[PDB]
Every structure is written in structure tokens, then in C-alpha cells.
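Asker: The residues making up each chain are set out below.
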Amino acid sequence: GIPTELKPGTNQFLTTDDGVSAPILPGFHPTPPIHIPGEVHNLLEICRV
Amino acid sequence: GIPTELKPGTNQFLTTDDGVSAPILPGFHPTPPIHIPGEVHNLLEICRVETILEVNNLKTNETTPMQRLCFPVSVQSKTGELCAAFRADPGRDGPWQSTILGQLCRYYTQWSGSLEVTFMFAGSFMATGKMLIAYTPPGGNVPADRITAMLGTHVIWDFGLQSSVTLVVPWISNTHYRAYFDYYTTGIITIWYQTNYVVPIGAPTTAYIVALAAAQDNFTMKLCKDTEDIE
Amino acid sequence: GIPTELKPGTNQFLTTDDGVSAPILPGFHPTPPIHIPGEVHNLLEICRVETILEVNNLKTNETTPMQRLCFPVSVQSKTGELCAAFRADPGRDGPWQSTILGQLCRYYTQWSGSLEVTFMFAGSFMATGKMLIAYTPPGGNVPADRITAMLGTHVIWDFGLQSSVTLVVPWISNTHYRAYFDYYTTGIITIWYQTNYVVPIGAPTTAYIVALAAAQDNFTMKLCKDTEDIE
Amino acid sequence: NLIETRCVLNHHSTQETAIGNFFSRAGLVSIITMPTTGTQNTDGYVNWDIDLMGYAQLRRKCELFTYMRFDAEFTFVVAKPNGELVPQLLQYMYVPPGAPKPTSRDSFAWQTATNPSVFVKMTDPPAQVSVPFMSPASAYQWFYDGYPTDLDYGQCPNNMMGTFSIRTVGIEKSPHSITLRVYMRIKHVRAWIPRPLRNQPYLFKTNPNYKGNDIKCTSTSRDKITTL
Amino acid sequence: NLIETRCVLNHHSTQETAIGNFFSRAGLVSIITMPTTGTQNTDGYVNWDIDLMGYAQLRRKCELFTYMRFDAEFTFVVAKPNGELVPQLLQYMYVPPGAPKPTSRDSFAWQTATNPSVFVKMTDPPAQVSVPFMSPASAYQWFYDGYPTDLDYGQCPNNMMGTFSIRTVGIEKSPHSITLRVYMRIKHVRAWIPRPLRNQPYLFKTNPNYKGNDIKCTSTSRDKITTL
Amino acid sequence: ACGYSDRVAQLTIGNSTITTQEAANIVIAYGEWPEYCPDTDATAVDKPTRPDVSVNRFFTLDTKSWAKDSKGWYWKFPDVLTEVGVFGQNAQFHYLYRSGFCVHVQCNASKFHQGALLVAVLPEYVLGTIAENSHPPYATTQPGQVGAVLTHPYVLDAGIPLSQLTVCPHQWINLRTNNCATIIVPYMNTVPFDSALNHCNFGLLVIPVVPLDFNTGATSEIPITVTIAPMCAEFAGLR
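For the protein sequence lines, the chains are C, C', C'', A, A' and B, in the order given. A prime marks a further copy of an entry chain. If you read the first sequence in PDB author numbering, its first letter stands for residue 1, the second for the next number, and so on. Numbering (PDB author numbering) for the second sequence: 1 to 179, 185 to 236. Numbering (PDB author numbering) for the third sequence: 1 to 179, 185 to 236. Numbering (PDB author numbering) for the fourth sequence: 62 to 210, 219 to 297. Numbering (PDB author numbering) for the fifth sequence: 62 to 210, 219 to 297. Numbering (PDB author numbering) for the sixth sequence: 6 to 136, 142 to 249.
Keep in mind that the hints were calculated from the coordinates and are not lab data. Heads up, the beta-carbon is just placed ideally off N, CA and C, and yes, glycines get one too. Be careful, since some hints might not be right.
Claimed, not checked - Stretch-level coverage of chain A by chain C', calculated; a stretch enters the list once three of its residues show a Cβ under 8 Å from a Cβ in chain C': (1) 74-86; (2) 90-103; (3) 117-124; (4) 133-143; (5) 159-171; (6) 189-201.
Work the whole structure out from these sequences, hints included.
Answerer: Below is the structure:
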């Protein structure tokens with residue numbers, strides 16, 4: 001196998017870590033989105049009101 | 001999955017390992033930098049700066065330290081007598097401890113290069129005379145009289161002509177070890198009175214010399230180690 | 001994350017594994033190398049160097065070891081009598097232990113190649129005579145008399161003409177095992198008196214021969230193993 | 062001593078004297094202890110505000126410069142007071158500046174999504190995390206010749230890097246005492262405006278005050294200016 | 062014996078006789094023992110100066126050359142004296158040359174950022190670290206025909230490779246006794262000026278002195294120079 | 006190197022002239038020619054003095070006498086010329102030193118004499134004692155011009171076999187043929203310049219492996235004469 005060395009930080013759960021988890025339902029195809037007017041992208045859009 | 005094999009050194013924390021850790025705040029955009037003059041990139045930039053040597057580091061000075069910053073010359077001194085003397089040992093104790101160079105040397109284990117010592121004369125514009133500066137190479141016998149010093153590497157300095165003069169220590173080296186001993190290869194600077202101090206009526210008969218020193222460009226250091234200068 | 005599966009051998013430390021460990025001092029720049037003549041790259045370079053064989057390794061010598069470095073010839077010896085004899089067994093005990101080759105052979109398990117033995121005559125320039133050198137191939141009967149030795153691989157050496165002569169052991173092999186036994190295929194060198202030692206009036210009637218030996222280029226070894234020469 | 066032999070005739074690498082190499086390496090910046098019961102632990106938690114001027118060793122090194130900018134890597138080496146490890150689940154929470162710190166072993170603070178927290182078992186290898194450049198200014202500054210508004222002189226709150234709140238997880242108190250060593254490493258260092266090196270013993274964390282009766286000389290002394 | 066059969070008629074690989082292969086493999090260079098209480102352990106720590114001339118086996122191999130240059134890989138195999146492992150946190154600190162060594166189980170030395178330290182649990186697999194070429198000279202030398210300034222003859226301090234300081238972490242002493250085996254492997258070897266192979270028993274680590282009354286012969290003996 | 010059937014030659018270097026037979030049977034230690042030190046930061050700010058004056062010449066040491074019982078001799082370098090001539094005062098006032106050497110060992114014997122000497126150069130020739143702990147005295151570690159006598163030649167006073175000394179730059183002197191050896195030794199150290207007074211870069215050994223013999227009536231002592239010539243000598247005082 002490939003020689004690896006576990007470094008400090010192994011096995012830790014950081015509430016701000018942005019990883020990838022296993023999809024609980026791999027066969028599921030979520031209902032597709034449609035157009036809904038008024039989509040907001042950044043809170044500052046609201047602050048300018 | 002991918003066949004892996006954990007090798008020795010797994011799960012260890014090495015204080016000198018240089019890894020990558022998870023950003024505690026991924027969404028944060030640190031305040032951006034602006035221009036601040038005087039950014040330093042390497043400590044040697046600081047070592048090339050002349051700082052004041054406490055050549056006059058007497059036990060009787062300790063209570064009036066301001067007097068260590070300069071030594072004096074006077075009329076009482078006879079032609080040919082020794083004025084001052086110290087060696088070129090940046091890291092070790094002594095006059096060099098006051099300089100920025102010697103302070104940074106303690107933060108390292110080895111070093112080597114050239115040094116330059118500058119002497120400045122502060123006395124009345126009416127004073128004149130000649131001092132003899134001499135560098136006695138490492139493993140050499142300190143000059144006994146003015147005449148022998150003259151036969152070695154020296155500089156006749158006439159402070160009636162130049163208010164300042166610079167000497168260059170060609171090469172010093174150090175290899176700090178324990179047993185505490187320094188593999189310090191270093192010379193001895195000796196200041197002699199070539200002529201006596203000459204002055205007219207109305208002028209102070211005692212003036213002072215200020216000594217500044219710095220490392221040249223070829224100076225370099227290696228192997229860090231926290232100092233012993235603090236407690 | 002990346003799906004991995006730890007396979008057998010995980011967490012093991014193999015003294016012969018050749019991995020990469022974390023540098024204890026990442027900021028350190030090791031002193032750079034300079035040129036030093038005589039760098040060695042392979043031990044065989046050393047094995048090709050002639051070293052002195054202790055052919056005269058008698059029990060009576062032990063207290064005056066300097067005498068093992070050379071054996072002698074004399075007038076008392078009659079034409080045709082056996083002078084000395086030893087086999088070409090670098091690794092094993094005996095004369096070869098004194099050579100640099102035999103010492104390095106103990107640091108390995110197997111070896112094979114050619115060897116060359118050189119004989120040097122030290123006696124008076126006035127002496128003359130002929131010695132017969134003979135190599136008896138492995139699994140061969142050691143020569144009984146001078147005449148039979150002559151029928152095999154031999155060299156008539158006239159030290160009145162050449163002060164030195166070199167013999168070449170064509171091929172030896174070894175495959176060291178335990179049960185301790187050596188699968189050593191090796192011959193027997195025999196030195197005979199072809200003629201008696203001739204000398205005029207005024208010259209020593211006893212002279213010495215020095216034996217040097219080394220491995221040739223085709224010599225090679227494999228499978229390391231710490232020696233038994235020390236304690 | 063001064064043994065004058067073995068002369069190094071080669072120049073060493075300048076990399077060793079670079080600001081980065083000078084401030085690298087993880088050093089111990091704090092030692093928190095959480096005993097089962099003693100003086101300050103019927104609580105069950107600890108609040109350590111990130112402080113560099115903690116160890117005079119590192120502090121002196123920083124005060125060689127006026128301004129500095131850098132990232133910090135923190136490693137959490139914990140175990141019981143005697144070095145033994147047990148299957149204890151711990152939580153380390155980073156409370157940014159301007160955020161509310163836990164005031165009890167179970168404040169709401171511990172549940173606040175915005176206070177990043179890292180959960181790790183004392184058995185797992187040391188947790189490691191990197192904290193960026195928090196100041197609202199372009200650089201941290203070890204010297205402020207003004208007032209942030219006297220007793221609040223030299224105090225610049227824009228150097229506030231955050232707080233780390235440690236505690237054992239679980240509703241009931243932990244049976245084990247914990248001794249945690251916090252290591253910090255400075256990454257991507259940048260320094261400006263070099264200044265004289267501290268030559269007087271330190272008296273306080275927040276100011277250059279020095280003992281004015283016992284003013285020590287920068288260098289040792291000797292009898293005559295000619296004896297060497 | 063001398064069984065003359067099975068003749069190897071092929072040349073073997075020369076790679077096996079190369080300086081590198083000859084000095085490879087991790088060998089045991091030291092065995093430190095730290096019992097709970099006995100003779101030298103009311104301390105709680107150990108200072109092992111890195112020494113190669115430790116085992117005569119490896120020493121003889123090196124003294125085949127005058128100068129050598131190389132990197133060293135150290136592996137730390139620890140466990141209790143009977144082979145059992147326990148959840149004990151240990152610390153191994155490398156004190157470079159010219160640096161101050163710990164003098165107590167809790168000296169400041171253990172906190173000095175410049176003395177790289179590696180923390181590992183006795184349960185974790187053996188710690189492994191590489192130490193470079195420390196000498197201030199171009200190569201280590203096993204022979205110095207001079208004086209570094219008699220009783221200090223042959224002594225060259227430029228071979229000083231450093232010290233390893235072991236200890237259990239934690240403020241209180243560890244309940245367990247520890248037996249630690251230190252393995253070392255020589256990487257990137259280079260050798261110069263080959264010399265005669267030691268043929269006399271060693272008497273000291275720091276010098277070639279040999280027993281002069283009992284001078285052993287390089288080779289075994291026999292009766293006649295013709296009997297074989 | 007030099008023996009019978011060689012055209013006699015008269016070599017001169019400075020104010021010195023030695024008559025020695027021209028035998029291009031010379032040994033060049035470790036395959037390299039003595040050279041002037043490559044550049045180094047130290048002597049890049051303080052050039053190295055290369056006194057070609059009365060320093061690059063033939064220093065002929067006092068002749069040693071070889072008898073039927075001699076055990077062998079050895080000299081240390083640069084120590085041997087430390088107490089001699091301008092190479093001495095030049096090697097004392099200068100902090101750093103560096104040099105090479107043409108070494109020439111020569112015998113004078115009749116054809117009715119017999120013997121064999123091994124001449125070898127051993128870098129960093131550290132010596133031992135019979136022993142308890144006791145590092146050898148300064149008088150036997152640095153013998154000077156006179157040189158010193160081996161006490162246990164079989165192990166070269168250092169616990170190493172003489173039988174293996176040939177893995178070092180050597181040359182045999184078999185009275186039967188040649189009567190003189192020549193060896194060119196280049197600077198060997200772990201640093202460009204060392205102290206000429208502290209460290210002895212190597213040792214010259216002359217050990218009789220096949221003892222002197224002759225019939226009573228012939229000169230009982232054969233003279234061994236050593237001649238040294240520095241090659242590419244450099245000094246750096248650092249001033």
C-alpha cells in the first residue's frame with residue numbers, strides 16, 4: 001500500500017470544516033428547481049432597502 | 001478504497017513540522033495590508049547597522065551607565081601609552097553586548113564574517129593629535145608597546161584632520177559549544198596615543214571618543230537558539 | 001475525504017524499510033561539502049588492494065607477530081623440498097585474515113571471483129636461485145613432490161632475474177552456511198625449491214619472501230552480515 | 062571560555078536569519094490545568110484569551126519590531142496530569158473578538174454556531190487549527206503611543230486575537246483532571262520598523278515599565294578599560 | 062569446515078558492496094531505561110547524547126574510513142519493561158549542539174521553542190525523525206591527530230551531533246517504568262580515505278588505546294608453515 | 006620508485022640541490038596533485054600568503070640509522086618542519102595553514118645488504134598507549155624533526171594491523187632492487203585551512219617489514235634519509 005502518516009488534527013470534528021460527506025440516499029434525484037422571482041444572493045441587497 | 005499502510009511517525013506532533021491546519025474561520029477575509037515603510041525581511045539587515053559599543057564598561061560605571069557609551073583621551077596621557085583595548089567578540093560578554101549585533105548573535109549558535117568598527121572624536125574643534133588603532137590577529141600576542149603595534153595591522157588616526165575613522169575586522173568565526186566554551190577566532194583592537202592631546206588656551210583638556218560597530222555584508226549566522234539575555 | 005483501507009503491515013517498523021522521516025530541523029542548512037581526495041564509493045575498490053598475507057602464521061610467532069609478515073628461504077634447504085603452502089580461502093581463518101580482503105569477506109555471506117597473489121624477494125642483491133610456485137585446483141590432490149607440482153599449473157620463479165612475481169587464482173567461490186560450514190571451492194598454493202639458495206661469500210644465507218594478495222576486478226560479494234571478528 | 066581553534070572559513074546560509082525562520086517553530090504559549098476539584102474547577106471549563114506576551118522569551122523577540130502581521134497555528138496537547146490518557150471527549154471553542162465568552166460550564170455560548178468549535182477525544186492525536194490575521198488594522202502592533210479613547222495608555226484593542234474556551238463534553242462533570250499544553254506557531258510573518266532590544270527586566274504584560282532603582286547595564290563590567 | 066561442492070559460477074551484484082548498502086539498515090544504538098524508582102529515576106527524565114561509537118560492531122565499520130558525511134534517521138521503539146504498552150504520553154526533545162540540556166524533570170529547556178520536540182503516545186506507532194549533517198566542518202571525522210586547543222587529544226568537538234532528552238509528559242511522575250530502544254539508520258553516506266581495520270580489542274569510546282600486554286595476532290596460527 | 010639502472014639526476018629548488026636518480030616511479034597519494042586552495046569567504050577578505058621564497062625548497066631531515074633490530078620510525082606533518090626554517094616562522098605567525106608535500110625517503114646500502122622498508126602516509130595518524143585511561147604525551151604525538159620510534163610496529167601503536175597499511179599511499183624500498191621511495195601528498199582535511207600547530211594532517215611511517223641483514227664486517231647501520239618539499243603551501247593570518 002501507499003505509505004501515509006496521520007498528522008495532528010486527525011479524527012477531529014471542526015464545526016467550520018467544509019468537507020464532503022457520504023450521500024445518505026444515493027439513488028434519490030431531488031425535485032428539480034423552478035423559477036421563483038426575488039431570489040436573494042447577498043444580505044447587502046436587503047440593507048440597501 | 002485505496003490501500004494504504006501507516007508508517008512510523010504516524011500520530012506524532014513535531015514542534016518543527018511545517019504542515020497545514022484547518023482554517024478555524026473559513027468565511028473570514030482578514031483585513032488587507034497597506035504600505036508601511038521600513039519592512040524588514042532578514043535580521044542581517046539590522047546587523048549591518050552601527051550601534052554603540054560600551055568600550056568603557058567599568059565596574060565603577062554601573063551606577064552612571066551613560067558613561068560607558070564613550071571613553072576619553074586627555075592631556076595627562078603621555079605619547080605612546082595604551083588608551084583602550086577590547087577584542088572583537090560579538091557574541092561573548094563585554095562591550096559588544098550593548099550593540100544590536102551582539103544581542104542578535106546570542107539568538108544563534110554559529111556565525112562568521114567581517115566587522116567594521118567606527119571611532120568618532122567629540123572634542124573641541126581646536127584639538128588635534130594622533131591616535132594609533134591596531135588590530136592584532138587571532139592567536140596573536142597583544143601589542144606590548146606602541147612601536148610593536150605599529151608593525152602589525154594599524155591605522156594612524158589624526159583627529160585634527162578626520163573626526164571619524166573606520167577599521168575593518170577582516171574575519172571572525174564562532175562555533176558555540178558546551179562541556185560552555187566558544188570556538189571564537191578573534192583579534193584584539195588596541196588604541197594607542199601616537200602623540201599627546203594638543204589643545205590651545207580656552208579648550209577642554211579632556212575629550213571623548215565614541216565607538217560604533219556593525220557586521221559587514223559577508224556576515225552570516227546559522228542554527229537558532231533562544232537567548233539567555235532575559236529571565 | 002478519500003476512501004482508503006489500511007492493509008496488513010500498517011503501524012509496523014521494519015528496520016530495513018527505507019522511508020522518509022520528518023526533518024527535525026527544517027530551517028537548518030548543513031555545512032556544505034568540499035573536496036577531499038580519496039573518496040570511496042564501493043568496498044571492492046579496497047579489495048583490489050594488495051595487503052600482506054601472514055603465510056608464516058606459526059604458533060611460535062604469536063609473541064613476535066612481526067615475523068608472520070614474511071617467511072624464509074635458506075641454503076640448508078635442499079633442491080626440490082617444499083617451502084610453504086596455504087590455500088586461497090579469503091573468508092576462512094588462516095593467513096588471509098591479515099589481509100584487508102579477508103577482513104571484508106567476513107562482512108558478507110557469499111563471494112566469487114579471481115585473486116592475485118604477489119611474492120616479493122628481499123634477500124641480498126647477490127643471491128640467485130629458482131622457486132617453483134604451484135596452484136592446485138579445487139578438489140585436487142596437493143602435490144607430493146616438486147615433479148608432480150610441475151605437471152600442474154605452475155610458475156618457475158628465478159629471483160635472480162625478477163625480484164617479484166605474481167600468480168593468479170583463476171576462480172574461487174563461497175556460500176557460507178550453518179548446521185558452521187563453508188561451501189568454499191578453493192585451491193592450494195605450494196612454494197617449492199626448484200634450485201637451492203645460491204649466494205657468494207659475504208652475503209646472508211637466509212632471506213625472506215613477502216606475500217601480498219588482492220581480489221581482481223571480477224570479484225564480487227553479496228548478502229551483508231555483521232562480522233565475528235570483534236567482541 | 063575563548064578557545065581560538067577550528068575557524069569556520071565559509072559563509073553560512075542567509076535563510077537562517079530570515080524573519081520567517083526566526084519566528085518559526087511551535088512553542089508553548091500556555092498551560093491550562095482543569096483538576097476535578099481544587100481552586101478554580103468546580104466550574105468545569107476554562108477561558109484562555111490568546112496571548113503572546115505570555116512568555117518573555119517570545120515577547121522579547123517580537124518587540125524587536127513595531128508592527129507585525131501573521132497567521133497562527135495552534136496545537137492542543139492534552140493528557141491527565143501524570144501523562145496518562147483516557148477516553149475523554151473534549152471540546153475546544155474559539156470565541157472570536159467581539160463575541161461573548163462562556164460564563165458557566167453550560168452557557169449558551171457553547172452552542173453558538175458562529176463560535177467555531179473542534180471536538181476531539183483525548184486519545185485522538187492532538188488537535189490542530191489555524192487562526193488568521195484578526196486585526197481590523199493592517200497589522201498587529203506591539204506599541205501604541207496613544208490612547209484608544219491615564220490607565221488605558223499603550224493599550225491597543227485591535228491586537229485582540231480571540232479566546233479559546235476549553236471544557237469536557239457531557240452534562241455531568243468529568244472524573245478526570247486535565248492538563249492541556251497549548252502550542253502556537255507563527256506562519257507567514259511580516260515585520261516593520263525595527264527597534265532597540267529590551268535590556269531591562271519586564272514588569273508587566275501590557276507595558277514597558279521597568280524597575281527604575283535597579284537599572285541593569287546592557288553589558289558586563291571590567292576593572293580597567295585596558296584589561297581584557 | 063570446507064565442503065568443496067556447489068560452486069557459484071556467476072558474478073554477484075556490485076551494488077551489495079557499495080558504501081551505501083554497507084551502512085544502511087536501522088540498528089540499535091541505545092537502550093534507555095526509566096524505572097519508576099531505583100537508581101537514576103527519582104528524576105523522571107534522561108539525556109542521551111547521540112553517540113555512534115556506542116556499539117563496537119558499527120564503530121569498527123566506521124573506522125574503516127577517516128572521514129564520513131551522512132544524515133541519520135532515528136526511530137523510537139518504547140514500551141514497558143515487559144513489552145506491554147499503556148496510554149502514556151511521552152516527549153522526545155532534540156537539543157542541538159551548543160544548546161542547553163535539561164537539568165531537571167522540569168527545566169526551562171523543555172519549553173524552549175528552538176529545541177524541536179516530538180510528542181507521541183506509547184500506544185501510537187514508533188516515532189521517527191531525521192537529523193541532518195550537523196558538523197560545522199565538511200564531514201564528521203573519526204580521527205583527529207591534533208588537539209582542539219594531553220587529556221584532550223584526538224577529541225574533535227565538531228562531530229557533536231546533538232542530544233535527545235526523553236521524559237514522560239505531565240506535572241506528576243509517571244506510574245509506569247519505560248524501556249526505550251533507539252534505532253538509527255544512516256542515509257546518504259559518503260566516505261573518504263580508507264584505513265586499516267581495527268584488529269585489537271577496543272578499550273575506550275574516545276581513543277585507539279589497546280591492551281599492550283595482550284596484543285592479539287590478526288590471524289590464527291598453525292604448527293608448520295607447510296601443514297594445511 | 007628509484008633503483009639500479011636509473012640515470013642519476015641533480016634537482017634544485019631554491020638554494021638546495023639533491024642528487025637523486027630520475028625514476029618516474031612516483032606515487033601520487035589518492036590520485037591527486039597538490040593545489041592552491043579553492044576560494045572561501047575567509048580568504049576572500051584576506052588573501053592567503055603564498056611564500057614561494059625559501060619555503061618551496063628541499064628540506065633534508067637528519068638521517069636515521071637502520072640496524073638489525075630497528076622497529077620503525079614516524080614523523081608527523083606539518084609538525085616536522087614546524088621547528089625548522091622559514092616554513093617554521095611562516096607556520097607560526099599565521100593563524101591558518103594549508104599545503105601539500107613531495108616526500109622522498111632514500112637509502113644507502115651495499116649490494117651485500119638485504120632488507121625491505123614500507124613507506125606509507127596515513128592521514129590523521131592518531132596514536133594509542135598500552136593502558142587504565144591515558145591519552146599519549148605531547149612528546150610522542152608531535153615528535154618534531156627527529157621523529158619517533160614505533161614501540162609496537164605490528165599494530166602501528168594504534169591497534170591497527172601493519173599487514174593492511176598498504177591501503178594507504180605507500181611505496182616499498184627493497185634493498186635488493188630500488189633504494190628509494192617518492193610520494194606526492196595533497197592537502198586532506200574537513201576544512202580548507204587548519205592550524206599548523208594544533209592539527210597534524212597526516213603521518214609518514216617507515217617500517218622495516220623484512221629486517222636488515224648482512225654478514226659481520228659490513229657497515230652495521232644503513233642510513234635512511236628523508237627529504238621533504240612543500241608543494242603549493244598557503245598561509246592566512248586574517249588581517
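Asker: Are the hints correct? Go through all of them and say.
Answerer: Here is how each hint holds up against the structure:
1. 74-86: holds (count 10)
2. 90-103: The restraint on the segment 90-103 of chain A is violated, since only 0 of its residues have a Cβ under 8 Å from chain C' and three are required.
3. 117-124: holds (count 4)
4. 133-143: Coverage by chain C' holds for the segment 133-143 of chain A (4 residues, Cβ < 8 Å).
5. 159-171: violated (count 0)
6. 189-201: holds (count 12)
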